[PDB]
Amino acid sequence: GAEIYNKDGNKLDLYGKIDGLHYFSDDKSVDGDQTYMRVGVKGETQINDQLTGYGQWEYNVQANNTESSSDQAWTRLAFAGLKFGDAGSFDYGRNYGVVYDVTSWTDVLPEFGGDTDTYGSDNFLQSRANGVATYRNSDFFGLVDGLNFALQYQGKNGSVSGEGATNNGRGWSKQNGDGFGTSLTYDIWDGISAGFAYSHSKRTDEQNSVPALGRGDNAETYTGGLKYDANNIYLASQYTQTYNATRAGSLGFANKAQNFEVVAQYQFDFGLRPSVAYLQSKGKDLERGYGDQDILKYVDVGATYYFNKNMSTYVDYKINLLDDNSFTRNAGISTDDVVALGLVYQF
């Protein structure tokens, strides 16, 4: 970020990036120009010696379509909070679900991965979410270095109209009932970490009717993660088991899913950072004769070259291991390989 203001106990950082990005793929819904930018503000005010107030907004602005195209910009984050000494912090707004406190460890590919693969945004507490109240505590009240935890609650974000509605209604794939989540990460020593996360949300009536697949009163996720970040090497893995919470493309939700991501990278001193990763999401107990089906399955190979802290370039290659079948077709799941080339200015 770029600190543009710091006066009378208030500071503002302007941050973002401009990514000149192109995808090459046989999948025409993915192929082509993908240029976009992000811009945001992070503000912090010192209220007193122990209390600080804060706010953060992050906006995504696509720049790959025309000036007459619709729906090209959206808010990723918008929350306000308070932090009190070692007693912890509390924030509310649009923010990450606590499951991402651990799954973020494998969200480090040059381009692919993250909330475009084993989980998505507005997908219960797995990525960015509306209306999350989050309590966080670092170093266990200042008593245990490296031990962090979080407790999170999310109110229902319901249907557009009818009995299940809320003011901010949306379609079944992005709805949620009241829910909660927890996370615990332990940086046991500089560079070695283990993490766990859990979430439990009520599902909505539209989630149990509109989509073809997935039925159940509650959505749940269980995540374990490991991270090694030392000696110029980055290794991470995350395993998440879900119930009625993983999307099976447009078909609905998987009654059960097993998601696994693993990544290995090396950072050369001159700036090059090669990366190899494997990601999979296996749906189980799917209705309508599907049984067990792969929702996502690919090997990723790529590299980022960091010119400095403000400029980088990258290549990423998604080697898609899914086969074309009635499940991927009917769910709108891409089975093609993709090559991305990006040139990024960051601030």
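Positions refer to the first chain, counted from 1. Here the rigid core means the biggest group of C-alpha atoms that line up within 1.5 Å when the two forms are laid on top of each other. First, how it differs from the form deposited in another entry.
- Comparing C-alpha positions between these two forms after a rigid core fit, one residue in 272, 77, 165, 188 moves 2 angstroms or more. It is 188.
- Once the cores line up, the CA of residue 205 ends up less than 2 angstroms apart between these two forms.
- When two forms of a protein are overlaid on their rigid core, residues whose CA moves 2 Å or more are considered shifted, and residue 230 is not one of them between these two forms.
- When the rigid core is held fixed, the Cα atom of residue 145 travels 2 angstroms or more between these two forms.
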Second form
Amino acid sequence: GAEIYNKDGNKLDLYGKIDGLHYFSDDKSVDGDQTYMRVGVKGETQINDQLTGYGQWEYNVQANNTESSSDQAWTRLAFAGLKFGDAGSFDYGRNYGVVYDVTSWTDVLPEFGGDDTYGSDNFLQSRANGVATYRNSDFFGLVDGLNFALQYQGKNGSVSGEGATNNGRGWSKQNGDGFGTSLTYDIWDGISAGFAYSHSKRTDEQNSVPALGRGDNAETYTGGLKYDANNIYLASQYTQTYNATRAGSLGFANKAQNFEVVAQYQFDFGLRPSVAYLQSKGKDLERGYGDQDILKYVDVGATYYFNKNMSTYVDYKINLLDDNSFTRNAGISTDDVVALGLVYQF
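Form deposited in another entry, following the form deposited in one PDB entry:
Next up is only this chain, free of partner chains and other molecules.
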């Protein structure tokens, strides 16, 4: 970030990046120019000796389509909050679900990883609307690395009808009232463990419009491990979900088990190779689908950091999914992808 303002107890940072990015793939919905930029503002005000006020907004602006194209920009984050010394912080708005406090440990690939085809707004697993989040860092300032979070999310319902809210959306991004919690900590120097749990009510449209997934509650359980020392980064996460993992355009998996593992090495001159394996296995799917792989790929790439403001990267998604009636009907890509990027960050 770049501090652009600091007067009379208020500071503002401007941050973002411009990513000149191209994908090469046989999947025509992914192949081609993917250039985009992100811009954001982070503010913080000293209210009193212990109390601070803050705000953050992060905007994504696509630059890979024409000036006559639609829906090219969107808000990723927008929240306001208060932090009281070591007692913790509280913020509300569009923010990350606390499941990401642990699953973010494997979200370190040069380009790929993280969100799936539909994106965020997947209960408390990624960026979400209307989350109230309490966080406590370093256990009231006493235990370095021991962090916890408690989160609540209000219902974001249908566009119209009895299940509507003002900010309605399609079944794949709807949610009822929900809660989540996360706890991360260091076992040893450079070694961390983390746990996250979430439970949300599902909506009537989620239980009637798509063909797959039925249940009143969406739940996730995650465990994660991280090694970050001696220029080596190792991370793994395992998540078991119930009615919460999308099965592409078909609905939700009644049960799913997601596993991700990554190994990276940082050379002092800037080069950072990366190798990872990601899989999401769906269980008990309806319509005779039974058990199906939803995601399965090995990732190999590298980022070269010129400095903190400039980098270049390559990433190879080695797609291990077979083409079958599930991947075709769900619209899940089975093709490999190569990404090439040049990034200026502020």
